[PDB]
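Here is how the chains run, residue by residue.
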Amino acid sequence: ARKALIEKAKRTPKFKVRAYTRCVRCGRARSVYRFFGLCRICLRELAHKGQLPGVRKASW
Amino acid sequence: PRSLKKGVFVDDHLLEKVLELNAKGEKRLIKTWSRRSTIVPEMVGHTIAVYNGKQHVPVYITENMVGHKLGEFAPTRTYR
Amino acid sequence: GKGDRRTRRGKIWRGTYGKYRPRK
Amino acid sequence: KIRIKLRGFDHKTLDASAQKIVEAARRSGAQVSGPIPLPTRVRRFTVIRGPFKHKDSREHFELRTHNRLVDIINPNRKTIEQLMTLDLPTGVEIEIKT
Amino acid sequence: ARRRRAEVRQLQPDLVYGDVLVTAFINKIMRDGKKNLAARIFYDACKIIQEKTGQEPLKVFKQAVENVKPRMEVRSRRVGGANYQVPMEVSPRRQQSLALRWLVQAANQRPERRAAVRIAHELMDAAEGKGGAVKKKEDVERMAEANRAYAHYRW
Amino acid sequence: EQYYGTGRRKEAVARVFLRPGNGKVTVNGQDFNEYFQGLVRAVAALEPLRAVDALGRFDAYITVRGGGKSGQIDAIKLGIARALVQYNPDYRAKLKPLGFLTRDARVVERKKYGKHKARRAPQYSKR
Amino acid sequence: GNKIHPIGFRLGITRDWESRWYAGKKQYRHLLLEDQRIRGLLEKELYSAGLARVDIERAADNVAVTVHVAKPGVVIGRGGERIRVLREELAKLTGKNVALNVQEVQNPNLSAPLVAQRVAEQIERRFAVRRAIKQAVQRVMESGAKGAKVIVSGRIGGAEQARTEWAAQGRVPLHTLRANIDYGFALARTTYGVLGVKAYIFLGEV
Amino acid sequence: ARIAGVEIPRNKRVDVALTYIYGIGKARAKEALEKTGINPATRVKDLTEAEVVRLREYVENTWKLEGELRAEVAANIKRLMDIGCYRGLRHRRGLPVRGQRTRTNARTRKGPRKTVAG
RNA sequence: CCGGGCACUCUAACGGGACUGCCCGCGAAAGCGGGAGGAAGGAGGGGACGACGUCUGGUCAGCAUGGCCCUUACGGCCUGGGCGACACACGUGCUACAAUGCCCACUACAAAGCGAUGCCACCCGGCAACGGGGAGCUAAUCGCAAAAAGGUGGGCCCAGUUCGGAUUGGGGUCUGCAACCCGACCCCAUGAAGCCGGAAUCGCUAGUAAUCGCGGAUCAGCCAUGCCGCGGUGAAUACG
Ligand SMILES: [Zn+2]
Numbered sequence: 001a002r003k004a005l006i007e008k009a010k011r012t013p014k015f016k017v018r019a020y021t022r023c024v025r026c027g028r029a030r031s032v033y034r035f036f037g038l039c040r041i042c043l044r045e046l047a048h049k050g051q052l053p054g055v056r057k058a059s060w
Numbered sequence: 001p002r003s004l005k006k007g008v009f010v011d012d013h014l015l016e017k018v019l020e021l022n023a024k025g026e027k028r029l030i031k032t033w034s035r036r037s038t039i040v041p042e043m044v045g046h047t048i049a050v051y052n053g054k055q056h057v058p059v060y061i062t063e064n065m066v067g068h069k070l071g072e073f074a075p076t077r078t079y080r
Numbered sequence: 001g002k003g004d005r006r007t008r009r010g011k012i013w014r015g016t017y018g019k020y021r022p023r024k
Numbered sequence: 001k002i003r004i005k006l007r008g009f010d011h012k013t014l015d016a017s018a019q020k021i022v023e024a025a026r027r028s029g030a031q032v033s034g035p036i037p038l039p040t041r042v043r044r045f046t047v048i049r050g051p052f053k054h055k056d057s058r059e060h061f062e063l064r065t066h067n068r069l070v071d072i073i074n075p076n077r078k079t080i081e082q083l084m085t086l087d088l089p090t091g092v093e094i095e096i097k098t
Numbered sequence: 001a002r003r004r005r006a007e008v009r010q011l012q013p014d015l016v017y018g019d020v021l022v023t024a025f026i027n028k029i030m031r032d033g034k035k036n037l038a039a040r041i042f043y044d045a046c047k048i049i050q051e052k053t054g055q056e057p058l059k060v061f062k063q064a065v066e067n068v069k070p071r072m073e074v075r076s077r078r079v080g081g082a083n084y085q086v087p088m089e090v091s092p093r094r095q096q097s098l099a100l101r102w103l104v105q106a107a108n109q110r111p112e113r114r115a116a117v118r119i120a121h122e123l124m125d126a127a128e129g130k131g132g133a134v135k136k137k138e139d140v141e142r143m144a145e146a147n148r149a150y151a152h153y154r155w
Numbered sequence: 001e002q003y004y005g006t007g008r009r010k011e012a013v014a015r016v017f018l019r020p021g022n023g024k025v026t027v028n029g030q031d032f033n034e035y036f037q038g039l040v041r042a043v044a045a046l047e048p049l050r051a052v053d054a055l056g057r058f059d060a061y062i063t064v065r066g067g068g069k070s071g072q073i074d075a076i077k078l079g080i081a082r083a084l085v086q087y088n089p090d091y092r093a094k095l096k097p098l099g100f101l102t103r104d105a106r107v108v109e110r111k112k113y114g115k116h117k118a119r120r121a122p123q124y125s126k127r
Numbered sequence: 001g002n003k004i005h006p007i008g009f010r011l012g013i014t015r016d017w018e019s020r021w022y023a024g025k026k027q028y029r030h031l032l033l034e035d036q037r038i039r040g041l042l043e044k045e046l047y048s049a050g051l052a053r054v055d056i057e058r059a060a061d062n063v064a065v066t067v068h069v070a071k072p073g074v075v076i077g078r079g080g081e082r083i084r085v086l087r088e089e090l091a092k093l094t095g096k097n098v099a100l101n102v103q104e105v106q107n108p109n110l111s112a113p114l115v116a117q118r119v120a121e122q123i124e125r126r127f128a129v130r131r132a133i134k135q136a137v138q139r140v141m142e143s144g145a146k147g148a149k150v151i152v153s154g155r156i157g158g159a160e161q162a163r164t165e166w167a168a169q170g171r172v173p174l175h176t177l178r179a180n181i182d183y184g185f186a187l188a189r190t191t192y193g194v195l196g197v198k199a200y201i202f203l204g205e206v
Numbered sequence: 001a002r003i004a005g006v007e008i009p010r011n012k013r014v015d016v017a018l019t020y021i022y023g024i025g026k027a028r029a030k031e032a033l034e035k036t037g038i039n040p041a042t043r044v045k046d047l048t049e050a051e052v053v054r055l056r057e058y059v060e061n062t063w064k065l066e067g068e069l070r071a072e073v074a075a076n077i078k079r080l081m082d083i084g085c086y087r088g089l090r091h092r093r094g095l096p097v098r099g100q101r102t103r104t105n106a107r108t109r110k111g112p113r114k115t116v117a118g
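Residue numbers (our numbering), protein chains in the order written: chain A, 1 to 60; chain B, 1 to 80; chain C, 1 to 24; chain D, 1 to 98; chain E, 1 to 155; chain F, 1 to 127; chain G, 1 to 206; chain H, 1 to 118.
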């Protein structure tokens, strides 16, 4: 979440079994989506306009 | 129940400073935390200083006490 | 019945393959 | 004879973004393969609004890569020229094959 | 039904006897959605009366079931003392369904292994005024009246 | 000599070809009583051709595929009920009261948050 | 909160995304990485002209800063001066190199976000809290606008009493997912606790 | 008919009538009618004399059962005891051993609910 | 399948269609009874949207953010341990108590998604998870996938039983530095409680409840019976 952990935005852990995704901005660890490399939150408020091109308020 | 396969693993913190020790009647109670190393035969004489997350505990190993992992005998938490 | 690991719906529930769960 | 794929983000942008890549060659390579539809595939994410509890309201989020096709039939250089690098569109991309 | 008295669902004419109320029965055995099996289930407990007898189960369901159909029942009722049981002239659509809500219930109660039996074997006792269901139906037709001690609250 | 009659229902395409005289069905092979295994509810697709008496007088070619068989017997149903008027836009008398001419509104719903079955809401204890 | 965010509610309906590039997949996760790495500044240092929309163009390697700015001049610079001092920061990231091009914004009193930060600067001003708002709602209002709403919140004047002060005018129909509107949000770090304000603007409609 | 160590599959299809031994489950059940070749179906009430003997002879010799098996196990446990291995430690207190939480549940390997107050 | 041909399915993209207008009765009017025809109605069915405000509801462990406070440390760094205990009690669910059932053998219709050292047709070693070798796909045109329930034949005969699979002994595949503390999975054995649940009590008015099965995300494999969606079969009943 904070800036005391951006040692993954790089991707260099130490093993093939260490990579706490860390959300771009949120930076937290708990939900770091992949398709966008950010957070579930990030997905909402951002897509909420033109910060998730190709998106839209899904309905059917 | 359990499974390793082709290439069983003994941590070379002890396995390593194990092969050497042996050469005189084995060492005298290793101190490598390593409680995650497959127990191996030649040891059968040593004594292990395996961690407990706070504590280090005694474990005079045996060949029968082999198909195990150092601390399967190292009881972590505390009960009654 | 669904936990009978060794049955059709057994491996068909847990969703796996074994002796009873074949390919075709 | 000239496969032209082009997935996209808008329904008639893409649709039109190539709809200019059609009838010219219907009088050059011989004809075309028509403005080919192609079933669109999607992605979704529906997530928990605001942290802590709540959950139940996630809100849905689509995203479409509308795969479209139009394929010009038969080249002819007249074809290769009749809608050559005679481009125009932006919102979409294209895959060229044969 | 606080806004609109609602409206009744209607159904198709049995691909057999050519009746629908039975569709219901065939569906009152229906359990889990698999009316597929239940389809026959009923049907067979017929051709098991055309295998176990020689009279098409037409007056059976009919003359019988309509008997399992309660001519009157009791209900609760609150005033200033309690919810005193009340005797009142039953309904049609109620009386009706209860025909089956009772067949398929006390009918699968009868211990005759396969669904079919219990079925055929029930319509049976039913089309005779004996066996399972008819008790309850009566049980209550009997309940009511036996409670004729209540009418201060008529309805 | 030739006529038509499409049919969709609950998600199941099914045109009902028909070159009269009789009416032997041929869904993806398996003649009538082989595709839909004599399930009581399969003698309903042709049901329409039974209140017109055409039945054994209007040959047809039925094929279909699109989801689940329970519906298909209904999907096809449409055309086998659609035919008698396609070419015979007269048969709308012994057609109507049966509504075998009417489309089937009924469809499936869809799971929204806080639910199990597109409506099946969980539960709570004390309240 | 019991609302959404019409911008999100209004995309393919009347507010076309800020970003345009397609394809995605092995791509997307970066294109919208760098994309959000230019905002760090760009429409920040240049806010003092038009920190409005930060539209982006693309086609891979075909970057661009179609970025819209009200004050069409604290940029461009005599035929092309700043439109370079920043390409030199436009490509301080972009390995695709963009075709930067400042955009001519019209009446700012119709540019919601503009107002947000507006009344916000005009909120760091301590200056006429509400009055400004009364002004705002009007400026924007008379400057063409068909509707206008502003909503400051959380502490005022350093009110140890956290509060939300209303204010709008004309007509601001959200629900009418169509008529198109406009929004904007800003902030105001205070010597007593950061807060922020919204800014809405209905318009022609349809 | 007594096959294995004091056992008797009676009137019930030989197949499972065998899983009646602390050593036979429906897996070994057929691996019997195999090296034995016996018609699996037909109850025991039709099982010939040399047939009962074969599986008898093939089952008693091919697997370790009943007495032998039972008390063999008594060992493994009896083993994990002396050896500090956790596995033992768990059979030691009469609670789960391979990988379960023990806040709640586990009523089988822990016994019938012993309530208290708080 | 190779031509051959759009009439049919679907494909995603446009627009057309419904408004109590026509039909007739009540009424001052809205509109309500029913019908005409219509693919359909009287807002077709389902969403997306949640007013001025309410409890100072929820989060400063997302981040931010006013200030309080420790600062060779109330930052941090690494291995190890714990978050997974346990005498117990609550919440939500999975599975089952079975014969409208369980099991084997042969055959069929899902829609929506998903895959680059990444899903993986096949041949082939193994009872097996899986291993070794390898065809097409950059994905309406190859595949993950087989749907299951169900249909047909047949095995069980009312049994704590071929019900049910807890637990437990042993061998073994797999990702992975490493699966003792705690990984799923496969084979053998073991096969426990449970014969439908006190008082009380939760859901749903239709394609819903119920039952069946499929994918998704995060994700090395994984404690998922959870969650988010699709679809297959398809009720009951509402006097008031
Ligand atoms: Zn974030």
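Simulated from the structure, these hints should not be mistaken for laboratory data.
A virtual CB, placed ideally from N, CA and C, is assigned to each residue, including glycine.
Just so you know, not all the hints are guaranteed correct.
Unchecked claim - Pulled from the structure, derived: some chain A residues nowhere near chain D, Cβ distances all over 12 Å: (1) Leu-5; (2) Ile-6; (3) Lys-16; (4) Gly-54.
Unchecked claim - Computed list of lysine-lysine pairs in PhoX-like fashion (alpha-carbon distance at most 20 Å, straight line): (5) E:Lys-35 with F:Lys-69; (6) C:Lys-11 with H:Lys-26; (7) F:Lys-69 with E:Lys-34; (8) D:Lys-55 with F:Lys-94; (9) F:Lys-117 with E:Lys-34; (10) F:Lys-115 with D:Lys-53; (11) G:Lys-25 with D:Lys-5; (12) E:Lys-35 with F:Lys-10; (13) A:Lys-8 with G:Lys-26; (14) H:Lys-110 with H:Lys-78; (15) D:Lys-5 with A:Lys-57; (16) D:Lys-55 with G:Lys-26.
Claimed, not checked - Far from chain A, by Cβ distances over 12 Å, these chain D residues were calculated: (17) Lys-20; (18) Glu-23; (19) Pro-35; (20) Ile-36; (21) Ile-48; (22) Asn-76; (23) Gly-91; (24) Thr-98.
Do the hints match the structure? See the list:
Interface exclusion of A:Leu-5 from chain D stands, the closest Cβ pair being 18 Å apart, more than 12 Å. At the 12 Å boundary, the C-beta of A:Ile-6 stays outside the reach of chain D, the nearest C-beta of that chain being 21 Å off. Here A:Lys-16 stays apart from chain D, with its beta-carbon at least about 27 Å from theirs, past the 12 Å limit. With a minimum CB-CB distance of about 4 Å to chain D, A:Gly-54 fails to clear the 12 Å threshold, and the non-interface call is violated.
Annotation: proposed proximity of E:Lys-35 to F:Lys-69 holds, straight-line Cα distance about 14 Å (limit 20 Å). For the proposed pair C:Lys-11 and H:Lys-26, the alpha carbon gap of about 17 Å is at most 20 Å, so the pair holds. Straight-line distance between C-alpha atoms of F:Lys-69 and E:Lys-34 comes to about 14 Å, which keeps the hinted pair within the 20 Å bound. For a cut-off of 20 Å, the pair hint linking D:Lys-55 to F:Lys-94 is broken: about 55 Å separates their Cα positions.
Using a Cα cut-off of 20 Å, the hinted pair F:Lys-117 and E:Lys-34 holds, with the two alpha carbons roughly 19 Å apart. At roughly 16 Å between alpha-carbon atoms, F:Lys-115 and D:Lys-53 fall within 20 Å of each other, so this suggested pair holds. Restraint check for G:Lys-25 and D:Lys-5: satisfied, since their Cα atoms lie roughly 17 Å apart, inside the 20 Å limit. A threshold of 20 Å between alpha carbons decides the hint, and for E:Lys-35 with F:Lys-10 the separation of about 18 Å falls inside it, so the pair holds.
A threshold of 20 Å between alpha carbons decides the hint, and for A:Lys-8 with G:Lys-26 the separation of about 18 Å falls inside it, so the pair holds. A hinted pair counts as satisfied when its Cα atoms are at most 20 Å apart, and H:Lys-110 with H:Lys-78 qualifies at roughly 19 Å. The straight-line distance between the Cα atoms of D:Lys-5 and A:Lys-57 is roughly 27 Å, outside the 20 Å bound, and the hint therefore fails. A distance of roughly 30 Å separates the Cα atoms of D:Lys-55 and G:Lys-26; the hinted pair therefore is violated under the 20 Å criterion.
The Cβ of D:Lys-20 lies farther than 12 Å from every Cβ of chain A, with a closest approach of about 22 Å, so its non-interface assignment holds. Interface exclusion of D:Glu-23 from chain A stands, the closest Cβ pair being 29 Å apart, more than 12 Å. With a least CB separation of 22 Å from chain A, D:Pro-35 remains clear of the 12 Å interface cut-off, as annotated. The claim that D:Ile-36 is not at the interface with chain A holds, since no C-beta of that chain comes within 12 Å of its own (minimum 21 Å).
The beta carbon of D:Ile-48 sits about 6 Å from the closest Cβ of chain A, which is not more than 12 Å, so the claim that it is off the interface is violated. At the 12 Å boundary, the C-beta of D:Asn-76 stays outside the reach of chain A, the nearest C-beta of that chain being 36 Å off. The beta carbon of D:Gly-91 sits about 10 Å from the closest Cβ of chain A, which is not more than 12 Å, so the claim that it is off the interface is violated. With a least CB separation of 28 Å from chain A, D:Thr-98 remains clear of the 12 Å interface cut-off, as annotated.
Figure legend: structure checked against the earlier numbered hints; hints not met, in rising order: 4, 8, 15, 16, 21 and 23.
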